[PDB]
Structure formats: structure tokens, C-alpha cells
Amino acid sequence: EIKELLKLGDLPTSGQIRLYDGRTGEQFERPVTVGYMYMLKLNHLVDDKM
Amino acid sequence: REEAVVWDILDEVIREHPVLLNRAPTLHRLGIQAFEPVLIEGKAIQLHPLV
Amino acid sequence: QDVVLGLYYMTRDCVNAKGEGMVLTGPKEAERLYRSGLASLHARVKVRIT
Amino acid sequence: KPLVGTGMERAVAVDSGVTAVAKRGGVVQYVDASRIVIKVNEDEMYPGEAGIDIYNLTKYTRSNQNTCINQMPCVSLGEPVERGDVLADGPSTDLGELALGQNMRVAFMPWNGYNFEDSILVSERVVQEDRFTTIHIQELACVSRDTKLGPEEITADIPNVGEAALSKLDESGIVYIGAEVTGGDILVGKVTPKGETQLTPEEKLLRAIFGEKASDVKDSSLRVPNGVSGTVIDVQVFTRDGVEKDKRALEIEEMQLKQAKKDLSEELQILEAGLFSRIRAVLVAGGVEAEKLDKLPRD
Amino acid sequence: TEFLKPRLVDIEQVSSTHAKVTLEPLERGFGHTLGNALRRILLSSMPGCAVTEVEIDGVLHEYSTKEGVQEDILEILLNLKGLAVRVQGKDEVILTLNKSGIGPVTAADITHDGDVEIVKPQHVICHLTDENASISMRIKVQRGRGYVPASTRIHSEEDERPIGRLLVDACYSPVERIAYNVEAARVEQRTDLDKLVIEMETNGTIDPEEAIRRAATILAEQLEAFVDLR
Amino acid sequence: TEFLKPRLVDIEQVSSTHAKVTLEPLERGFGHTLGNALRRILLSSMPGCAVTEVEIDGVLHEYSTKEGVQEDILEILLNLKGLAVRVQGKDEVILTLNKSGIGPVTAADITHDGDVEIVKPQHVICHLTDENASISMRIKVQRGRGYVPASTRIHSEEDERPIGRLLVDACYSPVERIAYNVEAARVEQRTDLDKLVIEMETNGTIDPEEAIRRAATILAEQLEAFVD
Amino acid sequence: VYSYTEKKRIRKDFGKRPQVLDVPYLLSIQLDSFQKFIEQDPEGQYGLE
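Chains as they are written, first to last, in the deposited numbering: chain H, 1194 to 1243; chain G, 403 to 453; chain U, 504 to 553; chain A, 697 to 995; chain C, 6 to 235; chain B, 6 to 233; chain R, 2 to 50.
Fair warning: there could be bad hints in the mix.
[To be verified] EDC-like mimics (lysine to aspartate or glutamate), calculated; alpha carbons at most 16 Å apart, straight line:
id : chain 1 : residue 1 : chain 2 : residue 2
1  : R       : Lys-8     : A       : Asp-790
2  : G       : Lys-445   : H       : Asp-1240
3  : C       : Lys-10    : B       : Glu-226
4  : A       : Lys-943   : A       : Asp-866
5  : R       : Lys-13    : H       : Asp-1240
6  : R       : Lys-17    : H       : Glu-1194
7  : U       : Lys-531   : B       : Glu-204
8  : A       : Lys-755   : C       : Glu-80
9  : A       : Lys-755   : C       : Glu-72
10 : A       : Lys-697   : R       : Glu-7
11 : R       : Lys-13    : H       : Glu-1194
Hints in this document: simulated from the structure, not taken from any laboratory.
Work out the full structure: start from the sequences and follow the hints.
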């Protein structure tokens, strides 16, 4: 069903895309998994840990 | 106060000084190793991958 | 980890790809070829080396 | 709001109860980033009291963890909403939903050892957008104690300090409202009883020559913590009954005074507007008069 | 040796935000070479305008809030950062936003000064709820390349700001998105030559054409160093 | 508006063929912008001269063995690809090799021909075993840009070739190897800045330094239209 | 049909079985137990009583 929706997103069903290296302009030889993940910043601040 | 000058003197001392890095637990003697420290911005210590 | 992975990537060999059966005057040529996209690193090759 | 939730993300927020929820339903009469007032439908309306429900929101209060606790209003003025609608969101909450964090485009790949062992590579664009920036409301307390060495006092009077540090202080010795300072910078001035007289030989010599006549006082004045810099969001003053009112204390307790007044007047008149509105809906149903009433006084 | 002089040819604008720029004739291989350098410098080094500073009346600090104002201070800050600004002569202008009554305060409501062009006049800043609700402020709009926050400016800031003055993190870079497509280009007889196709999105601020020129310019200027001293 | 202008610093020319050049200070991101632009052009587009074709007498196909030569033709071919040529005016030239007897065939044994200089007179070619064995040939050098292997020449070859004419991979690019390290530059005060360490191996004839300028040149000329 | 807030934002639910019982008040334990301590209930043996 996830694969099915990736067609409706008009993006690769394997969820991998070929990426261009912004430094060199060389492509990475193979596609990689890209996409949105939900991230969080912890109560652990380096500010305190110093 | 902390002017530009301060940083330069720090640089000269840190030059050729070795500093010790320690991780608990001290599993073995190499839980502490000596390195030449290189100053960077930020509050984070940088460690070499190999060690 | 990553170290090993990169090393593995380079050393691993692959059917034809680009520039199979090229004969090279020394090692530096190899990298020049890869960087121009005229050869994959996986490509089987004869190199003259001491 | 999280891209990938479970259906539970609404429930979680609901029960957390730090979000503000509509307890009758009706139409929103007034919207403020501080006050959300709603006119109920006659449905849920008590024939006893008035039908206006008032939700005062709280913005930027300090959590136990030093974290942010701020409410944002969700809906707009004049919106029709139902019982159990999400009026104002708590901190990590979107329109009904748990908004724990933020969602980014990740790429799974090895970088030049910047992602080495679960380490993370991240874009400047994150700072550009100001995502993952924390508000920390940190608390500090300045205490003026009484030793038998003499009662300590809070004044702007601070021996051998740079006038940089003096400049931000009021005559009371209190930091100005809204001033942005740094670690080491002086917030609140305090003086403490000293007692010297241990002039080892050399010291006496110089005191004679140059003068600089030593005034007995320690540097009790309230320093900011190390490597920490942010803005004063608010200040509080509690004077004990014995000693008389401080300048700054007096003026800020006067500020709070007029606060209570204004808020209470608003309260009365908001609910009074509801009452009065209801009487017109009552007097017009079985006594057709809108000419005479509209232009007569209200009380 | 046959070098090839590449010329600026196509300059299509699909939208005010989006512009397509084609560059021919590119010699083989330099599609990629130029593609990258261009992009990098484009986004980081392109001078743009952004809100630098604000004084709002009845507003001591970014955390509090005024009556009859829907947005929090910080959030209105966020709005102003987003304001697309075109300055002609002077580098730092003081825009005055004065609005009254019930209504959504758009950029058009700002008192319109001669040397300033407001790119997105429709852009909301704040919503005035109350009929007696009155908002005034003086917002400082500066020119700058890349991104400098409040915290960097404040560090070396002998420029002692008055109380109430609210610094904004400066999102200067007007370039929102930019990529290149290297595709072989229509030479009436020659085969190998190609065009560089730049797909480019910005917040109005910099014009497509001018962007190009100034980018290549600075690139070239940096190239000076190598050519010059040996 | 403020630029950052870089200047030339260290010029570790450990060999004439090998020169590292250290470059500071560089504005952030331009380490790779410039590192990259340099590199691409350096290798793929640098005009140079190299051995393209060869005919050895008694050697009509490249896989055969010639009488008294220890090396197979294949190995000798590969040696000659590497051989460093300096021609001044002429675009296409045909050098003659005549050597006999026992011993080591070095570049010296090439026919002088005024305008052409052999950069490596002591470059290894062939080991000739019996004194009865004689080696004679004509090697052709052409001027051209970048690298074109034998198999890609076979691609654009409507130009039909004779028997005996053994084509070899053309190493035109005088840049042998190139990379740039982007180490932390931290100039006083502003730390974000970085260093460009440009490590280059060139092919003797042309000095590494000159390679630098030639790259920037060719690039710059492109830039012409756009500055205007 | 849905409320004004759901009408404003739906989240697509891939749930296969229909949740028959609605999720209980998650804080009930606390609320209800503390209530029992002070609950004015003369005959009911709870807290004070």
C-alpha cells in the first residue's frame, strides 16, 4: 500500500533516488533511500554538557 | 574580557602540548590516550575515528 | 564500519561495466579514468605495476 | 505535526490537558493572543448564568525542565466550532495533534566519516528555518539575607565595577525589562557586610600613597551563569514585611495592581455583554421593541 | 587548440519566482564544471535583502505580546524575515508599518517609500483583531549575502542598541532553490556542443539575469588569484 | 558587498613533476567549488601531445612477438604511451626509431629531428636480447586535448587504417594525477574559512604551476561572455 | 461526517479493524482516586470517612 502511494506521489516505488553530490557534481553510483522522517531534539543540550 | 590576543597565546601553549583523553570505564590502559589538541569553535570535543 | 565499507566497495569486482579489458600504464591512470567516468572502479583491468 | 502518526496523536494531546478545549461550542466572539472568548449556542446555554465562555491563555511559562510552555490560539474570530474543539494549542501540539518534533528529508548514506557511528550530518538550512531552536526559560534567584555582620541590601551601589555593568541597572539595582545580557553580566545588585583590617605590611604602604579608601562591602551582586546568554522575559519581587518597600518593588507591585484592575473590569464587562445580549433575545421574543430599547441606557 | 566562447542565450521567465536560463555553447565537460561552481556561489554569495532589526511600540522583547494582536512577537518576526525586499540606492532602509482597525496587515499597508520595491505586497505580517487595535513599528531592512543571525552580529556589536530594539536573524540569501540540467544543445551542424539549463527559484529579490552576471562575476574575480600570482 | 580574495602561499615543488600548492585563505564552500572546477578541466580538457600510432617493420599485428625482443608488443606499446614528447611548431609528426644489438632500448635511440625534444631520454622501451635482433619503426605523435583511448578512436574512425598500423591509447593530458584536500583554514577571528591544498602530478614537459594558470585561462575565457 | 477541526485536517488512517471502544480517559487513575479521598459520601468508606 506504501508502494501504491509512491506511484501517487510520482516517485520511485523503491523509495530510492539518484543523488548529485553538491561538492563535486558527481552522482552517487547508485540510488539512495530519501524521504521524510520525524526527528527530535532532546533535553540534552551540549550547552549544559560543556 | 577576551580579545584576539588571548587566543594567540593559547595557540602557542597548545602547540606541541599533549593532552589526555579519558573515557569511563577505564577498561584498559588505552582508556586514556594522549593527543595533540587542535582548537575548534563550538563546545564539542572532536575524536579521531580510529581510536 | 564506513572505512571498511568504502574499501570493500573499491576492491569488489564486477562484470563488464565500463572499460573492461583496458591495459593501464601504472596506477595513477586508474583514478584518472574513474574520475572522468571512463571506467568504473569495479572494472577488471590489467595494470603495469612494480 | 508528524507526517507519520497513529491516530493516537489526537488523543494524547487531548488528555495531556495543557491544550485548551471548548467546553460548550458556539461561535468565537473575540480572539486574542492572550484571550479567547466564545459565545455559546443557546443549546448548551444555562438559563441561569450568561452564555459567554472565556479562556485566558498562557504564553511562555517555565517548565520544571527549564523548557517552554506557551499556548497558541488555533481558530479564528467568528469561526463556528463544536464542543471538544481545540481552541488553543499547548507547546508541542498542532491543530489537535501531537507535534513532538519536526520532519526532515533524510538520506541514508555514508558520508566522509561525518556520519561515522550513528553521528549525524545536518544542513545549515535547519538553522535558516529556525527549526530545532529551543526556548529555555531559566530561573535565577537573588537572596538578600541578614547576617549579624549587618543586613545585606539590594542597591545599584557596586564598588569597583565597570559602568558597563552599572548602565543596565535601575536606581534599585534591578536589571531593565527586556535587556539582553551575557554570562558574567550583573543582573541584580547586592551588598554584604565586610570586615578587613588585615593589612600585611606592603598593603598599608600603597593604601597610604594612592589613597583609594577601602569601603567595606563584598560583591554579592547577582551574576549570570557561565557561557549563557538570553533575554530577561520577566522579573519578580518579594519584599519581607519588616523592611520598607524598594523603589523597583513599589513600581512593579503598582504595575501588577493596574493589571488586576484592567483584567477584572474586562471580565465583568465581557460576561455583562453576554447577559445583556441575552435579555434582548428574551425581551424581543414576546414584546416587539427595538426602537425604544436600543437607544435607552443599558443599566 | 580550439577553445569555445560560451554565450548567454535564453532567459525565459515562467514565474516571477521561477526563471529558466540557458547557456550555449558549452564545450563538452564544462557542463558539469560550471554547473557546480555556479550553484554553490549562487546560493551562498547572492546578495539579498532581509529584515535586520525592529522597533515595535509597546514591545519590550520578542517573548511578550500586545493586546488585539493575533501573532506573538516572535511569529511576526518570522513573517518579516519572509518579506521580499528590493532596494535601489541606499543599503539600509527603515520601513514604517502603520496599520489601524480590524484587518490583516499586508505589505501594501506599509507607507511606500521611493527607493523601495515591495516584491510580495500581499504578504501578511500580522492580524489586527480589535477595532481599537493599532499597530506601529519601524522595521530595518538591510542588504546582505548569505545568512547572519542575531547572535553573530551581537558578539562584535559595539553598535549599542537602544532598549526595545529587536534584532532579527537575517535570512539574506534570496535564492530559495537552484539546480542545473546539462543537455546537448542545438548546433546547426556540430554535434558535441551542449547547453547548460538552470532551473532557478528565488523570492523575487534578485532578477534572473542579474543573478547570472553577478555570480559569474564573483567567480571570475576569485579566479584572478591563480592566474595572477604564478 | 565584501569579497574574499585568496593569494598563493606554499609551493611545495618536491619534484618538477610533482607540485603541491597550498592556498589560503578560502571563503567557505569555495574550497570545493574551485577544487572541483579545477579538477574537471585539468584532466578532461588539457591539450597535449602523445603517441597515437605506430608501425614496426616485421610487426603487422600488435599481439605478435618480434625476433629477439624480450617484451611482447603489448608491453612495449604501453611503455610508449607514457613517453613524454615536446614538439614546438608542428601538429603531427612521425619519429623514427633505429636500434640494434644487445642491450636496453632507451628514448635516446630516437632520430634527433630538430624541432622535437625527448623529455625522458632514458625512458625504458625494449630489452633486446641477441645482438642479431634489430628494431625499427615509425611512431606517430599527435597534438590533442584530454584522453582518448584506442576503443573510442575505433568509435569515430570513418578514417580507415592500413595493416601494420598499430593504434595506441593517446595520453594527451599532461596532468597525471590531481586532487585537492580541504583542510580547516580558520583565519584569525573568522573560523568558517578553509584551506585549499592542491596536490598535482604533471607529466614533466609542462610544469605544475603552468598547468594552474592554463586551467584558469581556459575557464576564464568562457567567463568572458558573461562578465559582459 | 466530521467536526470542524477534522474537516480542517484529516489524517489518513490505514487501520484495518474498527476500534469499538473509544480510548479511555488516560489520566483517570489519578483523578478518580484523589476524588475518592475527599469524596463527601457518608456511608461510603473512602478516605476521610
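Quick rundown of the hints versus the structure:
About 15 Å separates the Cα atoms of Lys-8 of chain R and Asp-790 of chain A, which keeps this hinted pair within 16 Å; it holds. Only pairs whose Cα atoms come within 16 Å are accepted, and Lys-445 of chain G paired with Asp-1240 of chain H is accepted, the gap being roughly 7 Å. Our distance criterion of 16 Å between C-alpha atoms is met by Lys-10 of chain C and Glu-226 of chain B, whose separation comes to about 7 Å. With a CA separation close to 9 Å, the supplied pair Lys-943 of chain A and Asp-866 of chain A stays within the 16 Å bound.
For the suggested pair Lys-13 of chain R and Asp-1240 of chain H, the alpha carbons sit about 39 Å apart, so the restraint of at most 16 Å is broken. Pair hint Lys-17 of chain R plus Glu-1194 of chain H holds up; C-alpha atoms about 13 Å apart against a cutoff of 16 Å. Our distance criterion of 16 Å between C-alpha atoms is met by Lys-531 of chain U and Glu-204 of chain B, whose separation comes to about 13 Å. Restraint check for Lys-755 of chain A and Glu-80 of chain C: the C-alpha separation of about 13 Å stays at or below 16 Å, so the hint holds.
For a cut-off of 16 Å, the pair hint linking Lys-755 of chain A to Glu-72 of chain C stands: about 13 Å separates their Cα positions. Only pairs whose Cα atoms come within 16 Å are accepted, and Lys-697 of chain A paired with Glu-7 of chain R is accepted, the gap being roughly 14 Å. Using a Cα cut-off of 16 Å, the hinted pair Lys-13 of chain R and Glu-1194 of chain H holds, with the two alpha carbons roughly 13 Å apart.
Hint 5 from the earlier list is the only one contradicted by this structure; the remaining hints agree with it.
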